[PDB]
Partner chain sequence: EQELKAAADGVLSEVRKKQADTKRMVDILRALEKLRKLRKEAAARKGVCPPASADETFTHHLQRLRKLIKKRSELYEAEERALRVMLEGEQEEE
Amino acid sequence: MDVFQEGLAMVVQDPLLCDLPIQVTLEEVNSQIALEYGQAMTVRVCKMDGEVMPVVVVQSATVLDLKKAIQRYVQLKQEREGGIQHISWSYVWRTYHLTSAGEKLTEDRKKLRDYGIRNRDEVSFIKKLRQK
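In the form solved without its partner chain, present the structure of this sequence as a single chain.
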């Protein structure tokens, strides 16, 4: 059954909802409703060279939710442009960390507000090392 997709496609034509790329999913539309209500904010994870893609999380989000926000974004962007789908992040997070402006994000279960990230802010990656 796929009766929900017709109603979805009819809804995306609403000018207040034309921002979303058709395939919305309830979580992303909930994020947009929250940023309308003010408890959601976007954040930019910046590739050191090339481009900078932004992701959106809730105001109560911990590093876990930013982790799954990166999980969601680039995976879609792959076949949005036609890239590589089967991407193994048992590597990526085993080797590369997340870096605030200054500090690096280490405690995975701590909210982004404690580490100081806020709306429109940017984060980056270090290869970790620095012991083991």
The other form holds:
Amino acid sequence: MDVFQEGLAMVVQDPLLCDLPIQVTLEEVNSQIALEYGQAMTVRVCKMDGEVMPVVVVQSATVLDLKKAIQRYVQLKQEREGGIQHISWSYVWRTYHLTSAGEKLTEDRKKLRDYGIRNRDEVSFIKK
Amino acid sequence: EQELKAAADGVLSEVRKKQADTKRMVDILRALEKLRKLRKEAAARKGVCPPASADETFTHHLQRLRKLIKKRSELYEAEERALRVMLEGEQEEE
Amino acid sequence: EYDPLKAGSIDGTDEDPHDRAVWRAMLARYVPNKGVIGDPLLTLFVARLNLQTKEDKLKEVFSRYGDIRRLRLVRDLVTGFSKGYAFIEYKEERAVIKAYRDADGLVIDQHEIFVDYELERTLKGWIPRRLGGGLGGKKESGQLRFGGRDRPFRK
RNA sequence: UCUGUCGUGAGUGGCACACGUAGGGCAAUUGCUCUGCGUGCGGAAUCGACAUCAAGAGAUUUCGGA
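Please move on to the form solved in complex with its partner chain, as the form solved without its partner chain is already shown.
The next block holds the full complex; its first chain is the one shown before.
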């Protein structure tokens, strides 16, 4: 009773649609809509082993909103590869910070544009 | 009323859960179809590679898929109507 | 034979937890994750590595004790930060015991590494430090867990 | 002495609950109602946070309520 999966699979094979990770879901495609409209922006995060994950947020996204985007990206990642799914995000955000250009992103309420973050930027992790 | 609602809730909510799932593929193809459009505006330079084959292959996919989705929803709507017919039938006579 | 009770005491004579972390150790139940792989006999758990140490260098310096079947350095799941400890899986028990006796104190990237066996699936009732307990510790940090190779009991 | 339930890659997950916190609407300077986040009773000082188990930094003393 999952005929939609076959259709989604073949449609993804569109050369102008290869960016999409098999299972599409509404929030992922909608985020890339704002990418075409320019409202969104991609903020790259690199884990300390060098692996990079391209988290996408809106231009007016706040720091705390960016945090959930990482949660949304990571959580979506875990189901596809089947890793650990019950990430204790309370702990992860309790001990680690977010830093860009040597400035730690502490104010969850402040928006990334004032924190100097532009599209296609890079931010890293650091302990409390 | 509390157990009248719960009895309706037990069946009506379950049908909606599948119906919401049944609707969930519609907006997937709606959002995907939109995303296809704005990338063709950027494909004015990318249109060198054949988009007509790409567009033709894309369009025939959803239409059969959306036809099957509508066929499935007709089954679910009939049961939703039937459940609404039967559930309210019992509550008056009780 | 791990006992969170006596682990908090120098000579195994304490009958009452002197630390809430000891109390948490008794209550909490631990099972190794799905990431725990391989025969526990041959897993030489090493610790106190440098956070900049790469898993290749660990293979490079630990191959001198013999062939190495498998290796993993542990990093934080979400962040990627190295956790400062690894797990070396060897072949033949001759290699791991050689790794046991000499590699303890072996300086790697300006750090004196710590070497032990894998005590999860071998030491009864073993509880890691995260769940309260573990071994080693530092008496500076308001708590300590005796009974390990680093701090044997004062028997 | 300081919530319940379902869960085992999860003493750290899900939901609910309680308390606190940020933004929205309503009434009489205050009160009532919704969404996000923090802890599971809540503060202070000190020692740690560069500790031995596949991912998790806590602990000693102190004092406020129930």
